[PDB]
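Participant: Each chain, letter by letter, is given below.
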Amino acid sequence: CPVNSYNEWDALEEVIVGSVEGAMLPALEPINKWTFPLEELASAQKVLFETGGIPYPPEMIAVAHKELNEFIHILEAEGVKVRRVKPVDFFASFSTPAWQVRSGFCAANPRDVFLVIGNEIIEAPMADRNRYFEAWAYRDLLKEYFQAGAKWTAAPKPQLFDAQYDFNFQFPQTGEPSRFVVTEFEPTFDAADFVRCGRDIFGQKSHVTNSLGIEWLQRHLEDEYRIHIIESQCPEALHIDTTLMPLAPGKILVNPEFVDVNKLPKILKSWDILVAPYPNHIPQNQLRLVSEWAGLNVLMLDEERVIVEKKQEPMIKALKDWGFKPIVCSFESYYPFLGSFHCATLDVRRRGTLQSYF
Amino acid sequence: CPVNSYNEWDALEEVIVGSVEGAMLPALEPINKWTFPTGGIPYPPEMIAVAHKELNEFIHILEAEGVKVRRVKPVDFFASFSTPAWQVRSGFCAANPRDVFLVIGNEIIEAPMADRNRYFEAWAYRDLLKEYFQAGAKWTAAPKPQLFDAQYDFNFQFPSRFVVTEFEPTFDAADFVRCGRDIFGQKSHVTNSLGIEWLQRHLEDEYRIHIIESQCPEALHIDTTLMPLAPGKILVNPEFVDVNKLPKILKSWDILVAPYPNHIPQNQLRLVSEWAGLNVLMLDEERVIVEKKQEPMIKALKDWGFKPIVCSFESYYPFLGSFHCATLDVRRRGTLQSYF
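Chains as they are written, first to last, in PDB author numbering: chain A, 20 to 377; chain B, 20 to 56, 70 to 191, 197 to 377.
In case anyone wonders, no lab produced these hints; they're calculated from the structure.
Beta carbons: idealized from backbone N, C-alpha and C, even for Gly.
Stretches of chain A that chain B covers, calculated by requiring three or more beta carbons in the stretch to come under 8 Å of a beta carbon on chain B:
(1) 149-158
(2) 163-177
(3) 235-246
The task is simple: from the sequences and hints, build the whole structure.
Facilitator: So, in structure tokens, the structure goes:
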């Protein structure tokens with residue numbers, strides 16, 4: 020079976036890599052405006068439109084395609100087979116009986132759309148209406164893997180009625196408990212709100228993943244897996260792979276601003292908590308949807324070799340001091356497409372078996 | 020758990036029933052024209081009204097027999113919708129729950145349906161599905177198909198051969214009938230080999246799916262062809278099935294060959310075949326709902342030792358189903374067993 024991946028670190032044999040061609044800007048409503056701190060909202064709301072329909076600037080796609088090519092060259096030189104997803108018509112509008120949008124998004128972030136659990140690929144029930152058909156660019160690959168023995172399932176496709184979103188939402192106060200824009204109307208989650216450690220999987224609630232979605236995944240995986248939910252302190256939370264990143268058995272990288280290490284699930288007590296260094300560096304781009312914590316979005320080729328971004332000099336040094344072997348790559352041109360190395364990949368085959376590590 | 024159904028015959032406790040409200044006529048192209056003896073046109077209100085009346089008496093019969101009957105949500109079938117690759121003028125209706133979902137034990141599976149107009153047909157059921165999930169049910173979807181032009185043979189002509202191609206997995210749930218650890222299915226104008234193979238893999242830990250060969254050139258759904266009525270008793274359509282070519286495993290069962298109806302349903306709009314009389318619903322191993330004009334079937338079931346419960350339902354036929362099509366048995370009292 021060509022699909023076999025149980026965690027983030029077993030020796031990487033085959034990976035799907037995203038594509039920035041034909042990419043359309045994120046839509047501001049009703050989710051993504053809440054990924055901006057209030058002081059960034061003014062600039063972002065000029066750039067991003069209500070329901071999509073605006074392409075990424077061609078020059079941004081071109082520069083990102085160049086760094087993507089170098090990233091792929093590194094992967095191949097390190098012995099990984101790379102499957103390049105082909106663009107499709109993200110510019111096209113689509114509609115359901117209840118709502119319509121002006122375009123899709125893009126295929127830059129395979130990690131958001133699918134979970135790989137052992138020999139199974141699961142299509143996520145995504146809360147973002149503009150991403151309703153994002154699996155389409157991958158269906159050639161999925162049908163190939165299914166023909167060769169992979170399991171392939173979907174969460175029920177959500178309706179995404181207005182009831183799924185809190186239109187009175189406001190960020191909590193500094194004291195108050197966390198809260199996000201999605202409601203409990205129906206199950207939704209993005210796959211990248213989860214990271215995989217064999218029989219134990221860690222997730223978070225976010226602006227796209229609600230309790231019903233987590234409950235759905237726990238029931239789907241209940242025979243063999245346990246899902247543990249962390250609390251993020253990031254008010255803009257959307258995806259966990261700049262917050263909590265397993266690197267190897269017994270080693271987990273944690274964001275010091277988004278995680279209170281003293282409130283982490285107790286199962287993590289047997290592991291070494293590697294607290295990420297501060298980057299002292301804000302990436303810049305003509306659209307600015309960056310978080311400074313993009314440096315945590317690393318990709319493990321095995322328990323030792325880790326791809327990390329060239330300007331993340333503190334992360335590179337910490338990884339070396341922690342015993343890893345960083346392989347550096349320029350990749351900040353990918354950040355406006357809302358991912359770095361981990362977001363940009365789906366690790367469909369890592370050599371290994373299902374174990375418990377805690 | 021409230022969802023618990025392993026076959027077509029264990030004592031029936033809870034059922035979802037279809038609705039004809041807001042129904043849009045079926046679209047001819049590219050599937051349905053090959054199944055008769070892009071939408072946007074409603075069913076005549078008079079046709080809906082008469083069907084609604086007979087539907088209410090069917091529901092009354094079920095409730096009088098101790099069954100809990102759940103009704104769906106009224107939704108906008110008139111609305112158009114579109115994907116990046118295609119658009120349609122409307123949906124269809126919620127008259128046929130049996131087509132849209134498969135109930136396998138405690139799991140409800142949403143079918144990957146080949147008919148573009150039925151892409152959102154699960155929407156009328158989602159309040160119930162979320163209730164059952166909240167109460168412990170498993171709830172899964174086959175990957176939602178793209179339904180590109182490549183999925184259909186537009187130059188199709190009757191010869197077995199069907200309109201759906203092998204571009205991607207598609208099936209309608211009603212192309213399968215359930216016998217505990219063994220399930221019977223068929224290829225049809227909407228269910229292809231990739232679709233069957235998907236379901237076989239999804240259910241491989243506990244179930245075996247046996248494929249029969251339909252002789253019906255218009256084949257669409259198996260529940261007028263092959264109908265398990267009780268352990269060791271299966272009703273077979275003599276025109277659609279060669280009894281000598283049935284799966285070897287059926288050797289140990291009694292094959293009950295359906296009588297000929299000598300009756301063509303009379304309606305202004307006639308889209309189902311004369312074999313609609315096989316589309317019966319079992320309330321247990323003995324009580325069976327059967328349509329009032331199907332006098333040969335009523336007599337045959339009686340002689341075979343069943344207890345027919347008669348109901349007028351021909352006004353539902355223009356909506357492309359009868360009793361089995363119009364229901365989804367979510368709970369029958371029983372466990373998973375082998376019957377072969």
